[PDB]
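> Here's the letter readout for the chains.
Number of protein chains: 2
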Amino acid sequence: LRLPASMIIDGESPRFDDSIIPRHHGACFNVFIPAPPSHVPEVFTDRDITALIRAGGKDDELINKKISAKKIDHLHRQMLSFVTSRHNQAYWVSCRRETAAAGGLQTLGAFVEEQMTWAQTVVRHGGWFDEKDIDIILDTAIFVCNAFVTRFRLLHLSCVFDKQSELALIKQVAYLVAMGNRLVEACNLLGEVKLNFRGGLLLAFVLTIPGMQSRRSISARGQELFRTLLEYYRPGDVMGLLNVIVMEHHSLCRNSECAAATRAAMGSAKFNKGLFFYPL
Amino acid sequence: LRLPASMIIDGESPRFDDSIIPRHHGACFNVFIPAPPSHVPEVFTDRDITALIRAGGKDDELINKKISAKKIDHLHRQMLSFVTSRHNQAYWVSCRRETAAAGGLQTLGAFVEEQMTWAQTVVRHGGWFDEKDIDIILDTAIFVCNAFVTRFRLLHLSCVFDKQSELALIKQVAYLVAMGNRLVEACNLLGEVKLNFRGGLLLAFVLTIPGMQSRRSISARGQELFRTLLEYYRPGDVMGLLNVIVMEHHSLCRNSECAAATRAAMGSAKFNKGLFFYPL
Ligand SMILES: [Zn+2]
Ligand SMILES: [Zn+2]
Numbered sequence: 175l176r177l178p179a180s181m182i183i184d185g186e187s188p189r190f191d192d193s194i195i196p197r198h199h200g201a202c203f204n205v206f207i208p209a210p211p212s213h214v215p216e217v218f219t220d221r222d223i224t225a226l227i228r229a230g231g232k233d234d235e236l237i238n239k240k241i242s243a244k245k246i247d248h249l250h251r252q253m254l255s256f257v258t259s260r261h262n263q264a265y266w267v268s269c270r271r272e273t274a275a276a277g278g279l280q281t282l283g284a285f286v287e288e289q290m291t292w293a294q295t296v297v298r299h300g301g302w303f304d305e306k307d308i309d310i311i312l313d314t315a316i317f318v319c320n321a322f323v324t325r326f327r328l329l330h331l332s333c334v335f336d337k338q339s340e341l342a343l344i345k346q347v348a349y350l351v352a353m354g355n356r357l358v359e360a361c362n363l364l365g366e367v368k369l370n371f372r373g374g375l376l377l378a379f380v381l382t383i384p385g386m387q388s389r390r391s392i393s394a395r396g397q398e399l400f401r402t403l404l405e406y407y408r409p410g411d412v413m414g415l416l417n418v419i420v421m422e423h424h425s426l427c428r429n430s431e432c433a434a435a436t437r438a439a440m441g442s443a444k445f446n447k448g449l450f451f452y453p454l
Numbered sequence: 175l176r177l178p179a180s181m182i183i184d185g186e187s188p189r190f191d192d193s194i195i196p197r198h199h200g201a202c203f204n205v206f207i208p209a210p211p212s213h214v215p216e217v218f219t220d221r222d223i224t225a226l227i228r229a230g231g232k233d234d235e236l237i238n239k240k241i242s243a244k245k246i247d248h249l250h251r252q253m254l255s256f257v258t259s260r261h262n263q264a265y266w267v268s269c270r271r272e273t274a275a276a277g278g279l280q281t282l283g284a285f286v287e288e289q290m291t292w293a294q295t296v297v298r299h300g301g302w303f304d305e306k307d308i309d310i311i312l313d314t315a316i317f318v319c320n321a322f323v324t325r326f327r328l329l330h331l332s333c334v335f336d337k338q339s340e341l342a343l344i345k346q347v348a349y350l351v352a353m354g355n356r357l358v359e360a361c362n363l364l365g366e367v368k369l370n371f372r373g374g375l376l377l378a379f380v381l382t383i384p385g386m387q388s389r390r391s392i393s394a395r396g397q398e399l400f401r402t403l404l405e406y407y408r409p410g411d412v413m414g415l416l417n418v419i420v421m422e423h424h425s426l427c428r429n430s431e432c433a434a435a436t437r438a439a440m441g442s443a444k445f446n447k448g449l450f451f452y453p454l
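Chains B and A, in that order, are what the protein sequence lines are.
All residue numbers for the first sequence refer to the entry's author numbering, where the first residue is 175 and numbers rise by one.
All residue numbers for the second sequence refer to the entry's author numbering, where the first residue is 175 and numbers rise by one.
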């Protein structure tokens with residue numbers, strides 16, 4: 175009965191419940207969800223990302239989505255076209271959004287790798303994020319970040335980070351992002367902090383792109399941080415950090431629910447729709 | 175800004191650091207998670223819960239896993255001799271844990287329907303929520319409930335639920351369940367308020383089993399609420415409410431992002447391993 179703002183609470187309780195449940199529609203094996211943007215103008219782009227876009231529609235192993243960054247800054251010539259193509263826009267965003275929601279940290283990590291590598295390329299070849307220019311990868315970047323942090327909290331963090339205050343910051347940042355409403359305070363708290371440790375740097379790596387997309391309502395130190403992070407970023411980093419963190423702790427901690435919560439928190443990597451490229 | 179507990183702020187602003195990142199392992203495609211529980215001893219069961227079990231090893235469509243409440247009422251002492259088997263425990267709990275952990279609201283709704291129907295049955299034959307007496311479906315009940323609500327938080331609830339009071343309840347209850355282990359506070363809150371709307375009744379339906387497993391720590395209203403909710407529930411209620419909220423909303427809310435979040439959060443129902451039965 176610590177209730178801000180409600181009006182009618184029960185005075186008995188009576189209590190009853192039957193009327194509102196639709197018991198007459200019978201079984202329901204599928205929920206009547208709105209239609210997807212299945213409509214694809216089916217634009218054929220050139221000259222040979224055909225297999226790369228078809229890979230952006232499959233769920234192969236990550237081992238089948240490799241590109242060395244040499245190719246990325248090379249084929250950027252019209253990869254920027256495909257991503258900014260006014261055709262097929264909300265479709266890929268929807269596809270990539272529906273997978274980012276669910277789930278498994280391995281998948282979301284690879285997504286961050288791709289979106290970090292892409293953004294580092296599109297600032298290398300000139301051009302910062304307008305307010306706001308249309309672009310598939312960066313438009314889903316915020317969805318990737320939130321879903322990453324949220325599926326991240328399902329780790330036994332009290333066990334993985336056997337550190338005093340590191341765990342405190344990580345817990346608060348993961349909290350701030352997980353409530354959705356408060357990102358500017360999550361990504362600006364990251365900034366006036368030490369980042370010697372791994373886990374906080376891993377979160378800062380994730381909040382790079384969305385920290386940049388919001389670089390107007392944030393602190394002064396934040397912009398310096400995320401621009402530095404994107405500048406000195408390299409591919410395979412986020413997966414490296416995440417991997418070595420889980421590797422070492424579970425090389426030691428042979429608990430039960432810790433190994434379980436970890437095993438659950440990162441599902442298989444097979445699920446990729448719609449992942450275009452895994453950078454290396 | 176305000177930082178309660180920390181040891182070293184930064185005035186200096188050092189960089190980067192690059193040594194903390196293990197840049198020498200190279201390429202990572204599968205994170206090195208601990209081993210999965212070993213299945214394949216199997217229990218030599220027998221007509222005909224094998225067919226039921228085998229449905230727990232496959233990602234079939236919901237309709238292919240259907241069952242009638244009259245059947246699982248008949249098939250009880252048999253089915254109970256499996257879910258309470260000495261062997262193959264943490265395996266099936268892991269399968270269910272990881273699936274609900276990734277899966278979307280449709281998958282989790284099926285799990286909820288199953289576990290509620292199962293608890294109804296084992297109660298109907300004198301059983302009770304022992305702690306612990308090893309019931310696969312009731313162990314996973316916490317993970318299902320949590321993950322359901324954590325993903326329920328993806329919908330544009332400000333657009334799905336009109337009156338600010340019902341919405342406010344849904345938002346706070348979701349905040350408690352999803353964020354932290356403040357579960358008992360949530361069950362108390364559901365216990366206070368009259369549930370004559372589909373949002374609160376749906377969530378309360380989800381939390382019945384974890385509430386009934388926390389019967390000692392929960393307020394009087396909570397104990398009576400979840401007792402009655404467990405007795406008067408009849409299969410389909412959860413999906414029926416979930417569906418009918420979506421259906422009746424998006425039949426007049428053609429908002430691009432509201433339907434986008436709804437599509438992303440629901441997710442396909444083909445993923446359900448291991449879902450033993452979908453009750454009717
Ligand atoms: Zn551990
Ligand atoms: Zn709406």
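Hints may be right or wrong, so weigh each one.
[Claimed, not checked] Only some residues are given here: those of chain B computed to face chain A with a beta carbon under 8 Å:
no. : residue
1   : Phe206
2   : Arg228
3   : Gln280
4   : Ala342
Derived by calculation from the structure, the hints in this document are not laboratory data.
Where a beta carbon is used, it is the ideal one built from N, C-alpha and C, also for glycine.
> For each hint, tell me whether it holds in the structure or not.
Comparing the hints with the structure gives:
no. : hint   : verdict
1   : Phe206 : holds, 5 Å
2   : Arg228 : violated, 20 Å
3   : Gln280 : holds, 5 Å
4   : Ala342 : holds, 6 Å
Violated hint: 2 only; the structure is consistent with all others.
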